[PDB]
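J.: Below are the chains, spelled out letter by letter.
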Amino acid sequence: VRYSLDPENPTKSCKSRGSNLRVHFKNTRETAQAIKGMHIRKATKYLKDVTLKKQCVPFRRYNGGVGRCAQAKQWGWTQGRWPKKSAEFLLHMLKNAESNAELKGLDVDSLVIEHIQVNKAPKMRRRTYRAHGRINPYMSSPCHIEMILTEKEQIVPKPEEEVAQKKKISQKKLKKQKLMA
Amino acid sequence: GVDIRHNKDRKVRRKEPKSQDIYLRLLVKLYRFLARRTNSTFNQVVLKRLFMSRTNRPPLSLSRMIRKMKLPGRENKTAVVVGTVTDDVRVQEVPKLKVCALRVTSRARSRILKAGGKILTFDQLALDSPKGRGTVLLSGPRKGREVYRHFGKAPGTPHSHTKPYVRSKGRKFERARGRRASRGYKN
Amino acid sequence: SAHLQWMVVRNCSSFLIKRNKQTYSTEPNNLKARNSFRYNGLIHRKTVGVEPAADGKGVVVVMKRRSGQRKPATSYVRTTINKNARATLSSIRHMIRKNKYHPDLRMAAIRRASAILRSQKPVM
Amino acid sequence: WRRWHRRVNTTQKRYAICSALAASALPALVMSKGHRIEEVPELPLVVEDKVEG
Amino acid sequence: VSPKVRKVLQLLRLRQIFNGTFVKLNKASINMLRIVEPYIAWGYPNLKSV
RNA sequence: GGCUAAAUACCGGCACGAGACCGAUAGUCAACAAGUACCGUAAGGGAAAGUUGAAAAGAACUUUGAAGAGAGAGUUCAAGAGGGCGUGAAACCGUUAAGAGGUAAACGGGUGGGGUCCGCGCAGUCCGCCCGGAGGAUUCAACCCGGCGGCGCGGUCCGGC
Ligand SMILES: [Mg+2]
Ligand SMILES: [Mg+2]
Ligand SMILES: [Mg+2]
Ligand SMILES: [Mg+2]
Ligand SMILES: [Mg+2]
Ligand SMILES: [Mg+2]
Ligand SMILES: [Mg+2]
Ligand SMILES: [Mg+2]
Ligand SMILES: [Mg+2]
Ligand SMILES: [Mg+2]
Ligand SMILES: [Mg+2]
Ligand SMILES: [Mg+2]
Ligand SMILES: [Mg+2]
Ligand SMILES: [Mg+2]
Ligand SMILES: [Mg+2]
Ligand SMILES: [Mg+2]
Ligand SMILES: [Mg+2]
Ligand SMILES: [Mg+2]
Ligand SMILES: [Mg+2]
Ligand SMILES: [Mg+2]
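Chains as they are written, first to last, in PDB author numbering: chain P, 2 to 182; chain Q, 2 to 188; chain r, 2 to 125; chain C, 108 to 160; chain F, 100 to 149.
Check the hints yourself; a few may be wrong.
Claimed, not checked - Calculated Cβ distances over 12 angstroms to all of chain Q for the following chain F residues: (1) 105; (2) 108; (3) 121; (4) 131; (5) 132; (6) 136; (7) 143; (8) 145; (9) 148.
Claimed, not checked - Computed from the model, here is a short list of chain r residues facing chain C with C-beta under 8 angstroms: (10) 4; (11) 6; (12) 8; (13) 14; (14) 28; (15) 43; (16) 44; (17) 71; (18) 72; (19) 74; (20) 78.
Calculated from the structure, these hints are not laboratory results. Think of the CB as a built atom: it goes at the ideal place given N, C-alpha and C, for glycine as much as any other residue.
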């Protein structure tokens with residue numbers, strides 16, 4: 002497992018990645034550029050807003066046909082959208098990265114998104130039926146995603162309303178755990 | 002710009018033998034020196050005929066060498082041919098000859114020697130006749146080849162005695178029309 | 002003869018190196034490693050070779066004797082010279098000029114001897 | 108039915124056997140063929156007929 | 100260059116522009132110089148010119 | 001009316017040997033569960049598809065997640081070889097770094113500026129002879145013993161082939 006970059010101080014960094022993730026590469030590349038350089042608490046809060054349509058992801062490169070919104074003015078841009086799957090997929094990776102920081106004894110409240118990169122994964126083949134007995138490609142565009150988080154001097158605590166929540170129990174996990182035991 | 006044509010600048014002539022034979026090239030080294038460092042035009046002619054091709058070096062028969070070495074005033078002169086001296090069975094008596102050649106056929110050697118003659122090589126001619134003095138340079142018939150029968154005016158023109166190219170010779174092979182007035186025409 | 006043997010090997014020899022627009026010859030008794038009629042060490046009746054001694058001290062001057070031209074085992078006479086630099090060169094000069102044994106290789110033999118002796122000095 | 112085979116005149120083939128033998132009796136040519144014959148007593152090298160047995 | 104001028108300029112040995120030659124004058128040569136009139140400047144050189 | 005071995009033929013079959021042949025878009029269509037999968041009512045048509053490693057030692061265990069996936073850990077010479085895995089090109093894409101940006105870009109010639117690296121640079125060559133100062137010796141020439149070699153019209157020596 003090789004990342005495109007190397008952490009400056011490996012003892013002060015945590016990693017996360019995923020491959021062949023079935024989220025649109027174009028939407029997710031734009032989403033990743035939004036949170037690049039953010040503090041983890043800021044990045045987590047921002048992505049939740051995107052899910053709720055309270056903050057937009059500016060579409061700068063892959064902007065052909067995208068629409069205008071008032072929330073894109075926060076980024077010095079006119080085109081923005083609210084990719085929900087891209088935000089949720091990246092939130093999962095941040096949660097995994099945060100856990101990797103804990104497993105390494107880092108201060109999760111100081112982490113900053115130092116490096117983040119979205120790569121196109123191999124495409125998946127479906128098909129669609131066209132007029133005159135013709136069949137055309139219907140391709141998914143998944144991506145690989147890798148992020149590195151690094152400790153900085155700014156500290157931002159986790160929100161109180163987020164730490165007060167119950168540790169959700171999963172029955173289906175318990176069933177499989179008991180079967181494995 | 003200079004007003005001149007360039008199509009004839011390069012002269013087509015041999016500066017060396019196409020042959021890779023190392024003995025022939027050792028003789029060319031020899032006569033390159035003699036032609037350069039002596040004023041003898043004979044050396045230049047021999048050097049030139051060492052470059053010449055196989056068809057430009059026709060074989061000289063024994064009978065023809067005897068004829069040319071029997072003209073008055075040619076007694077005790079070495080006959081020289083840059084080529085092959087072939088035997089001629091139509092000769093009855095061979096006189097005493099002194100000859101220099103590139104090759105002499107096996108039967109021509111026995112007949113020349115058996116008459117008391119001397120057969121030289123071109124490296125021995127240089128030591129004996131460095132400038133070519135007392136020599137009779139001789140050539141075989143150059144037009145004595147089957148190709149020259151086919152050259153000239155095309156066979157189907159008036160007073161053309163050129164030989165045609167026929168796969169077979171006989172009454173059924175290019176003799177009707179154009180070769181007798183009874184069939185169209187003759188010329 | 003030498004000339005006839007040069008026509009065979011001038012471009013076909015196991016000792017011939019053609020490379021980098023250059024030609025050399027690796028056979029023994031070639032004083033300049035040169036693919037040449039003069040410096041070839043095999044085709045002439047008389048040849049001169051200068052090589053370092055088995056130990057890195059002195060030179061060995063090889064001369065081809067006159068008699069055993071077809072007997073390679075006794076063909077070459079070796080002589081080791083381990084004197085001072087100027088005395089070594091004098092012997093080689095005398096071995097060539099006084100004997101009139103290839104006087105055209107005199108300076109090539111002397112230059113090769115000076116290159117072997119120089120190579121036997123301590124490396125700085 | 109490519110023409111894989113070649114006719115060579117007998118006189119020329121024997122010519123070639125004669126040149127090979129003449130060139131085999133010269134140390135320079137045998138050395139130039141790469142053979143280590145720097146100590147062979149003589150060339151051509153003839154050994155008694157015992158070796159055939 | 101027209102064929103007749105091209106031949107006459109070659110006989111004068113003026114095969115290149117600004118080439119020069121002396122030409123001794125007489126009926127034969129003066130009429131050659133008339134054919135090549137557009138292609139040449141000529142005249143009588145003094146001793147210093149020679 | 002009739003029979004008759006041999007020398008001759010042989011891209012099918014059984015069993016073999018070889019090659020200046022091809023080397024996985026090549027060579028048979030077929031190096032592999034190929035006349036297979038698949039198409040056609042049928043006669044017929046007919047592919048793609050080789051490679052972890054020396055050895056499965058094929059990644060136990062911990063931890064985030066519903067999981068796929070990750071982070072550690074471990075095997076191995078190497079997973080910078082992780083089960084469609086040898087190497088791993090180009091097109092195309094992400095990111096990082098540098099530079100730049102209103103006549104689409106690109107291009108030839110000429111310079112200039114800035115980089116990357118190279119000289120494994122930064123008091124600047126090497127050699128012959130000669131002069132002078134300091135030293136030190138397997139110390140020179142000339143002669144004597146021995147060995148070897150070259151040449152000799154030895155003006156015309158002996159013996160050999
Ligand atoms: Mg559009
Ligand atoms: Mg529309
Ligand atoms: Mg239909
Ligand atoms: Mg020009
Ligand atoms: Mg031209
Ligand atoms: Mg021409
Ligand atoms: Mg029958
Ligand atoms: Mg293949
Ligand atoms: Mg195939
Ligand atoms: Mg392929
Ligand atoms: Mg290939
Ligand atoms: Mg295939
Ligand atoms: Mg491959
Ligand atoms: Mg490796
Ligand atoms: Mg590998
Ligand atoms: Mg392998
Ligand atoms: Mg592969
Ligand atoms: Mg690989
Ligand atoms: Mg790049
Ligand atoms: Mg930039």
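J.: Okay, which hints does this one fail, numbers in order?
T.: Violated hints: 1, 2, 10, 12, 20; rest satisfied.
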